[PDB]
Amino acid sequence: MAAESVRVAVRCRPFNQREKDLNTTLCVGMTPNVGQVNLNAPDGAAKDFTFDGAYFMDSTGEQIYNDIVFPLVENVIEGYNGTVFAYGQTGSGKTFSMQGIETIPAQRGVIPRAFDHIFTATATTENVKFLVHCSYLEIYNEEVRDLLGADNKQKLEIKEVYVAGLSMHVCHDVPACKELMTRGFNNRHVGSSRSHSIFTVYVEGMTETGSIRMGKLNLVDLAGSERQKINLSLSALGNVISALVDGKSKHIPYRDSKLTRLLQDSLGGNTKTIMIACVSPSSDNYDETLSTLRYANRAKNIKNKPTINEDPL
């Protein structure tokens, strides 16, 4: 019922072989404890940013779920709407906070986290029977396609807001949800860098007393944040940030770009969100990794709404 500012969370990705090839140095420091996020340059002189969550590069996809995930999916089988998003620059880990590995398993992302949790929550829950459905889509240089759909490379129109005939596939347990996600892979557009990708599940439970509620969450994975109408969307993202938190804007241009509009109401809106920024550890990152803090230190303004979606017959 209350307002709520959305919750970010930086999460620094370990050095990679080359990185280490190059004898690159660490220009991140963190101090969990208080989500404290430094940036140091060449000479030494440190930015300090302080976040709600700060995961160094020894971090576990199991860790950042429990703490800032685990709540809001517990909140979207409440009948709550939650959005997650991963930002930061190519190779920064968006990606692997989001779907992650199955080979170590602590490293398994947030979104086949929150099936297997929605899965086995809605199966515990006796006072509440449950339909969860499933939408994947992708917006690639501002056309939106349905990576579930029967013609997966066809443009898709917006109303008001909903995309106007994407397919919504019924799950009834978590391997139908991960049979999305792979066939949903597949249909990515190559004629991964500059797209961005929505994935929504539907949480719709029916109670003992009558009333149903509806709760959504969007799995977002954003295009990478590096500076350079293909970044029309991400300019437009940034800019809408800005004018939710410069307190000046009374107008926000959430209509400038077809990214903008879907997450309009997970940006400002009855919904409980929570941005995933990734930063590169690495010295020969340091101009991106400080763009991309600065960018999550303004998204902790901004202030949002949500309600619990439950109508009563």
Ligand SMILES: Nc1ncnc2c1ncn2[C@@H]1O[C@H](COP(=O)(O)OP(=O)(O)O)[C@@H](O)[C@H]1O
Contents of the next structure:
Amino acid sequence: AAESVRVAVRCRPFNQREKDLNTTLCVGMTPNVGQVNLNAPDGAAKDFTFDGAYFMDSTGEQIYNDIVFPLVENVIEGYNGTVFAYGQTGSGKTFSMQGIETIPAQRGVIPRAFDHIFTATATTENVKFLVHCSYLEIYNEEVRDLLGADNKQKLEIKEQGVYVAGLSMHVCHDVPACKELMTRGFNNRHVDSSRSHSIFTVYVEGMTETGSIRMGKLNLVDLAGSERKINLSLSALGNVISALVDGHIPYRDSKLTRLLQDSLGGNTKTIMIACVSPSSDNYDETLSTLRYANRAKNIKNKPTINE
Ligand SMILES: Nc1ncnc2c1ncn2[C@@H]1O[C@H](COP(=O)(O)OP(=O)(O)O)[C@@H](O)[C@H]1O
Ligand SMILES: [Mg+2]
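I have the form solved without the ligand already, so could you send the form deposited with the ligand bound?
What follows is the entire complex, opening with the chain shown before.
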């Protein structure tokens, strides 16, 4: 079925220095209708409509429940699903994807997708599920396996769909197995993470009582900071989105757009979490993220059940 990319905006709270400077709040929201207003110094507001609008006190729990939970349900049924985190360095991309364990309601979409997948796969008595994970990093157009034996090894992108040749896949029989791969991946990151893209993939294979196998993959992507060969994957993402909404798509311009070409206009249900700052000192970057997120709503995907 024809389905548009769902876009949600998340505004982080002020940090300590912003409070010490008494920094002006230039972001407003009307979460019932997904409205985000951005105020300029002169007083003129710029208004945007999104599929979700999560303000300074929002939690990873309420973001997951409203926006990601139905996509993860679809992955279990056999669909491909992708969640990207987009925004400047310091806006909350990693806090939205990974989150924190010190405050349970602030746990990210990745730990939450693990709990959801292992709960839902066990409560479906008709289907037997096998879960596998992969975790890669793209820095300077160099693709690296974050869980492999040699993490330094640069890997090639080939097509059979599109895949990373030599990318290790790790069986996960439960949530602890999943969380060990997350910390393992973190300790193997390039030396900090602001200029690279990371992709955590969860493969959910379901075997029915008949014997029919369905295969849905979940891509959880933490993009490099959008602040204005290092910036090629980000520039190509913008160029791809422009072609997709402008009515040829240059997926091959970068490693990131080649790998995720099915997430942008292909067989996948995609969600974009655009992260913004509440501060008037970040106005220019926030306006850039909001315009990018607004444009991203017009991308048309064609997700079908992989069975
Ligand atoms: N919603 C939030 N609530 C509390 N702290 C947050 C929130 N979003 C981000 N932070 C804090 O802001 C800082 C930067 O966030 P981070 O996720 O690392 O951003 P990014 O990955 O986009 O560079 C961190 O110190 C993090 O704890
Ligand atoms: Mg980060």
